[PDB]
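Starting off, we have a lone chain in the form deposited in one PDB entry, written out as structure tokens.
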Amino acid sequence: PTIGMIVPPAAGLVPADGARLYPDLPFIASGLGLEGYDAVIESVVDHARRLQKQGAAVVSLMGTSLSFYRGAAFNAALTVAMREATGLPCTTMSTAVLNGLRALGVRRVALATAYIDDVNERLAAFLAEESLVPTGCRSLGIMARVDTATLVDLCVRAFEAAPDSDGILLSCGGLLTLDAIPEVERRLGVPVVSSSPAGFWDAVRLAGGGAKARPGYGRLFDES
């Protein structure tokens, strides 16, 4: 069943992880362009309707600011609005992350972002609203001169800030995320959830059938 994704850039490309994780599945995407919540809700609902018209069986909102920054209740209400607009099962990358952390038994979660501290602050408020425990946070600041090596280093530093954590949430970074995740899990013995990959994992479960991801991309993809 075709999975539709709402994406931040105007180009509306399927995020690059889908071809790595699920190369045999049909994905389409629609791009929004760019507390301006009024315009956000309306474009989200509009683009969900578009993906429905294009033949999506499920729709996921796939962007970071969009799914997390306005809180858990907002995330939940916008999901309902999309479902009412469209008549399809709808979800968001924030939900996918929550579903992923929960599947992996991660209550106490360290946060790692390539970007700035504010990314971690906002994800952490969302997660606490949903009754997870944010623990240590590290960021890099903001270009793709960051290698897998430094994505791995970042997560390890976030974790060492609170070695009692159950798992790690990695956000931003980007292309090299799916390479870092298994190294980090190997070195720490703790799972790592990353936003975009969790979005794909979650949207694939929502759609049904039991498609599995290609191997080598982390403990999450072993979760049904």
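Residue numbers count along the first chain shown, from 1. So that the term is clear: the rigid core is the largest set of C-alpha atoms that superpose within 1.5 Å between two forms. Compared with the form deposited in another entry:
- With the rigid core aligned between these two forms, only one of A85, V119, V106, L98 has a CA shift of 2 Å or more: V119.
- Once both forms are fitted on their core, a CA shift of 2 Å or more is seen for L175 between these two forms.
- The Cα shift for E42 between these two forms, taken after rigid core superposition, is 2 angstroms or larger.
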Second form
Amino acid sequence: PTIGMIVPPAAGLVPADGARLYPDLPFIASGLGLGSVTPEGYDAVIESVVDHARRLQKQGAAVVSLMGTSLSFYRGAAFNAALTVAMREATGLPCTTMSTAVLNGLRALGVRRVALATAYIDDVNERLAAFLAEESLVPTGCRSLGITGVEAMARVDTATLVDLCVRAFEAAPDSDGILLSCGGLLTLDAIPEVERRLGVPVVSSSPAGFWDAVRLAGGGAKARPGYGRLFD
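Let's see the other form, the form deposited in another entry, since the form deposited in one PDB entry is already up.
There are no partners or other molecules in what follows, just the one chain.
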């Protein structure tokens, strides 16, 4: 089944990880045009998520994921759930979000005490931690990049991301795992290196969003190897 993805940037590209994780699977995307990775930014596009779900349905999507973590968690857990229900009611399709994806990935891996490694500014990190606590997880600490640019996220390099994860875990080495939050980041090369060095799993926004969307679509598809414990 074709999987549809609502993505933050105006360009509306399928996130790059899809072709690496699931080379044989069909994805399509629709772009919100988020202006900044901030609550003010989210407010300016959040009301269009339903319209974009419908746009994807009209292009043949069989399931829809809102592929933005912060767009889906910034208002708390009930809003993530309610927005999902609205997308489902509007489209008659199975729907999900990237916040649900990371929650499901952390749960699947048995992660309860979770170190946060994020691209975001602290107001957004506080909202992430509150969302996770609402959902019965225990954030242990946070290290972040403080970036508000949307398209800027793709240019953060692997070494920076590996270091970010290692520093977040260093602060709380009792953590069961690491949440690497921001679906605009290119994290696939960082993940196995972090897992190798630290011996705990990483749940990363974009890869988790794919893993979750592929689960929702129901084919049983298996990802290519080398992308982290979440994928086997």
